[PDB]
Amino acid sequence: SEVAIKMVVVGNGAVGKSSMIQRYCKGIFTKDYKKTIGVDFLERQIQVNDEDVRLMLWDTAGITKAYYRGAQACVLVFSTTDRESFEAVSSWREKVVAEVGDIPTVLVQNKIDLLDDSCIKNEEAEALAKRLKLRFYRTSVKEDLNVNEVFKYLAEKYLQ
């Protein structure tokens, strides 16, 4: 037997959800932006506590019922250069809780490589994560920076 975990990745359009999943599961950086059509399924096998676990990442455009059904962990994503995507974070957390209840969740500020054009103050983001009682990562899918740690953390939080 091998444990599988269904993970959803949610957040406003263009924050980098598909890119994060394609980086994590296939090791590529998708530079072109196309809004995701339908639901896409990707997976990666990782070892947590020396046991192989299969992460099943569900990707859709930022359907509702089937997408969230059986979700076991969640990545909440906003973008360093998209203020509206940050201001919607609380609303996304309420939406996941309403649909699947209390599951392991992590908060991610993506595109941290564009920090020269940031519209989110470091204290603002860290405060939001504290209020929502969520661990917080700053990632760059483009630079493969902290992407692996986001998903390993969720897998450890689910298995423990």
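Only residues modelled in both forms are compared. Residue numbers count along the first chain shown, from 1. We call the rigid core the largest set of C-alpha positions that still match within 1.5 Å between the two forms. First, how it differs from the form deposited in another entry.
- Looking at 42, 39, 114, 119 after a core superposition between these two forms, you find that only 39 has a C-alpha shift of 2 Å or more.
- Once both forms are overlaid on their core, the residue ranges between these two forms with Cα shifts reaching 2 Å in three or more consecutive positions are 30-33, 35-40, 64-66.
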Contents of the next structure:
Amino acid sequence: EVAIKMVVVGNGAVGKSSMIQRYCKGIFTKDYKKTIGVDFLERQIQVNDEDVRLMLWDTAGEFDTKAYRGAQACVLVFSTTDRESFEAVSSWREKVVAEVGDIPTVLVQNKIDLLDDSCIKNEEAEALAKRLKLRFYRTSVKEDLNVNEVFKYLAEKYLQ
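Based on the form deposited in one PDB entry presented above, generate the structure block for the form deposited in another entry.
Below you will find a single chain and nothing else.
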């Protein structure tokens, strides 16, 4: 079994806790203040004929921890409806690279189901991903869209 520690990072309310709950528990609650009462949730999947245990560590939205220590892959999340969360993506990337290193990382635009209230142009987000040289996914945690693909990509890149 290959165990992979992954950190989910991004500005407040972009959907980090919901993303981890969706992937590891298959739920999306109407909870007001969503919280994961433990350090990480996990999901054990088969990836390219191998047993993989993905351990997903939650973080706070606290820019200067045990979550980052030893991280082996990273999900950078911003929100379709939060302009500042998009503009903060480069800084979150620098924080992970400086504190952990150049680990496999995916850029995620969450809340794509709220596209009517979008404040990020498609060209803007794609151009950012190309500048940072990061795989880019548009996800909806609420509708379970492209969440599985994000973590499967990171697992595969850590293995290969």
